[PDB]
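> Take the sequences, apply the hints, and build the full model.
Here are the chains, one letter per residue:
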Amino acid sequence: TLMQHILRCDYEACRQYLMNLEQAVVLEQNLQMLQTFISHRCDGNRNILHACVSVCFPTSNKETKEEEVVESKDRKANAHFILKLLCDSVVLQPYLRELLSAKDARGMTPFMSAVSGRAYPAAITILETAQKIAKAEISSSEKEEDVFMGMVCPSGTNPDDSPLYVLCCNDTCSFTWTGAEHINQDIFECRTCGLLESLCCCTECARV
Amino acid sequence: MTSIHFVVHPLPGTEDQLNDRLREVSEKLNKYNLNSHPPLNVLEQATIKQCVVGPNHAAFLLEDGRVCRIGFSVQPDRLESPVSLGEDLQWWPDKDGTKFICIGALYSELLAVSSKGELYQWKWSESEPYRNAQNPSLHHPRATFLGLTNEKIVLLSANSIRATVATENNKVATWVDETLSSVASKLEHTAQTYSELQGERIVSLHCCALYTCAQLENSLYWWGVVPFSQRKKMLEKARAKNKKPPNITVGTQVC
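Here the protein sequences come in this chain order: V and P.
Residue numbering for the first sequence is 875 to 942, 1075 to 1214, as defined by the entry's author numbering.
Residue numbering for the second sequence is 1 to 80, 352 to 516, 526 to 535, as defined by the entry's author numbering.
Please keep in mind that the hints were generated in silico from the structure rather than gathered at the bench.
Cβ atoms here follow ideal geometry from the backbone N, Cα and C, with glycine treated the same way.
Each hint should be verified, as a subset may be incorrect.
Claimed, not checked - Simulated DEER-style distance windows between Cβ atoms: (1) V:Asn919 to P:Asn33: 22 to 30 Å; (2) V:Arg1197 to P:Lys457: 42 to 50 Å; (3) V:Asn919 to P:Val354: 27 to 35 Å; (4) V:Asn919 to P:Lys370: 31 to 39 Å; (5) V:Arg1197 to P:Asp359: 52 to 60 Å.
Below, the structure written as structure tokens:
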């Protein structure tokens, strides 16, 4: 139910559910309900925070130009509000550590996914949240800077997947400014995708 | 609680077409939030262990031991939910009070195995399952032939054309839909513990219209129909052997 509210971007329903879960914690009742919700997953081994991040992904440049069933405007706004609400809610504070250090089917944390999907607002929200968490658990046997790096770019991660590097690599396709016009640019073939020698992609596409 | 959704995919087809059908289900869950149809709403709070689809009826096995079936049809109006169910759901006429452990389905009949290991037959056209008045534990008329009247079935698998069972004593038995019952003498075999299977327990069965595979503790073993390419290799070898090289006298038998 609550995972669906997240995916449906029903901010009000999410907030009401979190209020009831907070009461559940305070009253020491329905604690299994909270643990069950935390353990919920969708496809890609994505947890609730991963689901929020995926929802926050953009679909068109027209929407960003304007900025400069749920409607796209409300879709993005509510997805961001739900992500931030979950990050701020007292219900999940003890569990946000685990949810943010958890890796999806591609090895990415919610933050790394927000970067990969160009959900920079979501990535910023998550990064702020992550620093809060690592600074809450300084009382543990771990160094503040183990927990933080986990949430952002965990140990054993392929450096080429590093959020900073990826953020620099995430440029747009040349078509967005060249159109179908022919320019002098580096071009690559990719047999994996059927882009044989007659076809080609620009460097940016080859990288991403 | 769970919800029951129906998916149909024209055959032959593709993987991504199928993925799009599933995508449509996801979209409905997150866009419409529609109420589930009455006929199967009783199963929302029930726990389903196994489910099978017959040529005209679906059937469900619950962890509580109950079994039920319901008629269905695929609507051409949405092939161009794609499935519509009748309002009459039929619960297993459990006059014995005996729970079921597994189910399967054949083209002419539904199949089920009780916790006692008894084999049940229930044709889709019948309102009640078969029962032998002279043998209260015989709920399948051909169990005597298979020897399953004295063996506790512990696992079953069956799809349209073929049906296969494992007994607690590891004996395999295999029978076919009544439409092949007249040529089943080359399709079927009684309950036997094949030496190829001895030494390991059967964990589960994977039957299909054409053949069966038994998944055992440390190995896989299969029996049933050969795909077409090997059938051709076999026939070609036979013909070649017959053509390759006559003292014909009175009384000689010839073809």
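> Range hint 52 to 60 Å: satisfied by the CB atoms of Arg1197 of chain V and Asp359 of chain P?
holds (56 Å)
> Check the following: the C-beta atoms of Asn919 of chain V and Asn33 of chain P are separated by a distance inside 22 to 30 Å.
At roughly 25 Å between Cβ atoms, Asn33 of chain P and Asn919 of chain V fall inside 22 to 30 Å, so the hint holds.
> That 42 to 50 Å hint for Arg1197 of chain V and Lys457 of chain P (C-beta), does it hold up?
For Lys457 of chain P against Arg1197 of chain V, whose Cβ atoms are near 49 Å apart, the range 42 to 50 Å holds.
> When you take the CB atoms of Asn919 of chain V and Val354 of chain P, is the distance between them in 27 to 35 Å?
holds (31 Å)
> Given the hint of 31 to 39 Å, is the C-beta distance from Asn919 of chain V to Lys370 of chain P inside that range or not?
holds (36 Å)
Comparing the model with each earlier hint shows no violations; every hint is respected.
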